[PDB]
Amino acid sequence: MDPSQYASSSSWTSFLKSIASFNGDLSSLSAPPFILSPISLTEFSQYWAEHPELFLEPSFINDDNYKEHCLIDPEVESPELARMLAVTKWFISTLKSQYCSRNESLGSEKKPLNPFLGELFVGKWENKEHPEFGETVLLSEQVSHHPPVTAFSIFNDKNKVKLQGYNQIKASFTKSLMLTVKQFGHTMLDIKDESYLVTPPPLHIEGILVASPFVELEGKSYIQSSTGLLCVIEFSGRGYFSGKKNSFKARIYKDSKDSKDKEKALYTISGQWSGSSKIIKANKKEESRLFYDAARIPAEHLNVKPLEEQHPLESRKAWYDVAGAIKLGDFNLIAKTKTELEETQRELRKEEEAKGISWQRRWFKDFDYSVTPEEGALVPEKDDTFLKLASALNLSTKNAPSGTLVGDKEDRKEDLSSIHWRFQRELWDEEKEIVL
């Protein structure tokens, strides 16, 4: 049907009625074919680096050239600050990819494919037009199905820029049918020997009643550097804190302590992350400059090998039949193909249980950060980067919502684990089957 027919359709009405009985698992809802996306969540990891030049920029800034690598402030105080400004610009640049890509390619936000345990998605940004850049690799793996958890790493060996992280969510519907989403997990970016800890923001899905879903961000995100510098990004939409949707205000401080006083902000950035934003240095409001305009720089999609040469665990290869059925809009075929894949997985889980076998993750391992870890689990190292960055930001190391600070209600929750997924580069180095 035409999108103008979605909202009043029998299918959508049935879907909305099933929300009143939501059990916490989004996959239990009856999503009509018109609201389905043929893209799996394991693919979302690619949204962290669709602007290759911004991802790598920090690695080109040093003590001898930093003032030439800060467009909005050729008088920037230090290379550490120039790099924080670059990391902040990169982070803001990821937002349109992360949260607006389906609206552009599908017409609205839609239900992504729920990845199967073990699902992989790999590719690379060859950066052919920039030999100094080198190849940037993406590795994404579904490390959990119950609940869904995606782990990923994006790395550029040539310039020593590496990123790793994981993601999972908890969702709930309000009585007004707003889908509230809390993200869990964090991402770490290493620029040579300098590190940055990034926490994703909470969000909500609007437009459910009218069958035209879209994401709006809320809350805050943090970017804590090993240099002590901290960027605090606050999100809002429509009105109340801004005159337009997809808005934000970011402030960079010398350290976490200073972030307690907005007046101590070294720079203040404001605007729309899906559009343009300006930056002000100190309190010189009369001298604002353009910081980033998402509309001027088209996203660069990574190179993925043809389906013909993909391993059975690779996302597009595995979901091929379902994706085809979704594109055809065939109700019965979508049900048939999806059930075939998911039933096969259920059978595997039951077999492993009967034989006393467990599923082994491929390139990531869960590290128990709790004081009393499981006797067989892996434990963090001495100079763990996450621990030092979390300490500097006074961030909870428990499995609380992303960005939870020590002492917050979520951090004071009883019997809360502290297990975090970490990339094991050695496992990729010794990979014997998967290629790019």
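Positions refer to the first chain, counted from 1. In this text, the rigid core denotes the largest set of C-alpha atoms whose superposition between the two forms falls within 1.5 Å. Compared with the form deposited in another entry:
No residue in 357, 282, 295, 307 other than 357 shows a CA shift of 2 angstroms or more between the two forms after fitting the rigid core. With the core held fixed, the Cα of residue 344 is displaced between the two forms by 2 Å or more.
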Contents of the next structure:
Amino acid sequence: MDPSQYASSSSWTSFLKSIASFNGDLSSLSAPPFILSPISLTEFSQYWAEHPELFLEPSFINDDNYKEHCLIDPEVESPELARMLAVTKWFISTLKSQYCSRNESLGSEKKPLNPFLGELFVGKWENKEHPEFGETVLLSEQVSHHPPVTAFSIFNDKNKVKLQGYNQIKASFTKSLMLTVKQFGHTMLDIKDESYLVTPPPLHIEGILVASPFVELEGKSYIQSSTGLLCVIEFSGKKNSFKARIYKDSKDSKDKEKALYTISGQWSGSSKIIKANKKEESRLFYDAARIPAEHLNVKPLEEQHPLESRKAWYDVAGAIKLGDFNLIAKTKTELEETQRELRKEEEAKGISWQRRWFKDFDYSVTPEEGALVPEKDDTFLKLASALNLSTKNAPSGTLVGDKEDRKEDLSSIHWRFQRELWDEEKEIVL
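Output the form deposited in another entry next; the form deposited in one PDB entry has already been displayed.
There are no partners or other molecules in what follows, just the one chain.
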């Protein structure tokens, strides 16, 4: 059918009734095939680096050139500040990929494939037109299914830029049938020996009544650096508007008048930056329209391992593409069988397929005997302390003392990339 017919269709009306008093597992609620995406959530990790030049730019800024690497302020006060500005630009550049990509490719936000445990998604940005960049690798892994958790790393060995992070959500419907989404997890970016902790924002899905879903961001994201500098990004919705403020240190963040820079605009369009309070002098900071996302290289389907997302989901995606409710169910049953047998083969080969490239670490003050614990000078702990960030499994961005942090009965388990596990990988390639 034409999308102009979706909202008043029998299928949509039925769907709306099924969410009107929804209970249970949103991933397992039947939906009309028109609102199904063929893309799994393990693929979403790619959205952290679809502007390779922005991802790598902070690594090119040093004590001898920093004033030449701050386009909005050639009189920037320090290379640390120059690198904070570049990291903030990179972070803002990720949002359109994160939150708009399905609108562009599918026509609206849709219901993603719910990844199987052990599912992998890998590829590389070869950066062939910029040999100083070198190749950047993505590894994404579904480390939990109950509930869905995706862990990921994106790393450029040539420039010593590495990212790792994980993501999970908790979602429910409002009375108005907006889907309220809380993100959980965090991402760390290391630029040589300097680190950044990034927290994703809460969001909600609008447009469900009219069968044209889309994301609207809310709340705040943080970017806390090992240099002390802190970026606070506040999302409002005029559509997709934010404001981001950079502070000398985290304590200054209670007072906006102490912001070194203030960025405002739309994360899906243009934003401007003002230094100090010089409101009459703003410059263009980032314009998402001007810089096309660059998609990573993923190997041909013929060459993929059966754990790899697109190969694994291929028949299901075909059954979605042509709309057959029963073929969708049949192919899903077949994936469950395929994976059951594949797991047995992995275990026979001594492969920790559930914890393939990531392990889960227990940051509780007092961890359980047996648990993996953080190393002495753990980066997350140092940055979370600087930000006054909860180190518990609270929603992303929760501060110490907040309602979700005060809970006794809340774990502090976080997924961490283990590079040696990838270096020893014997099945998956790029």
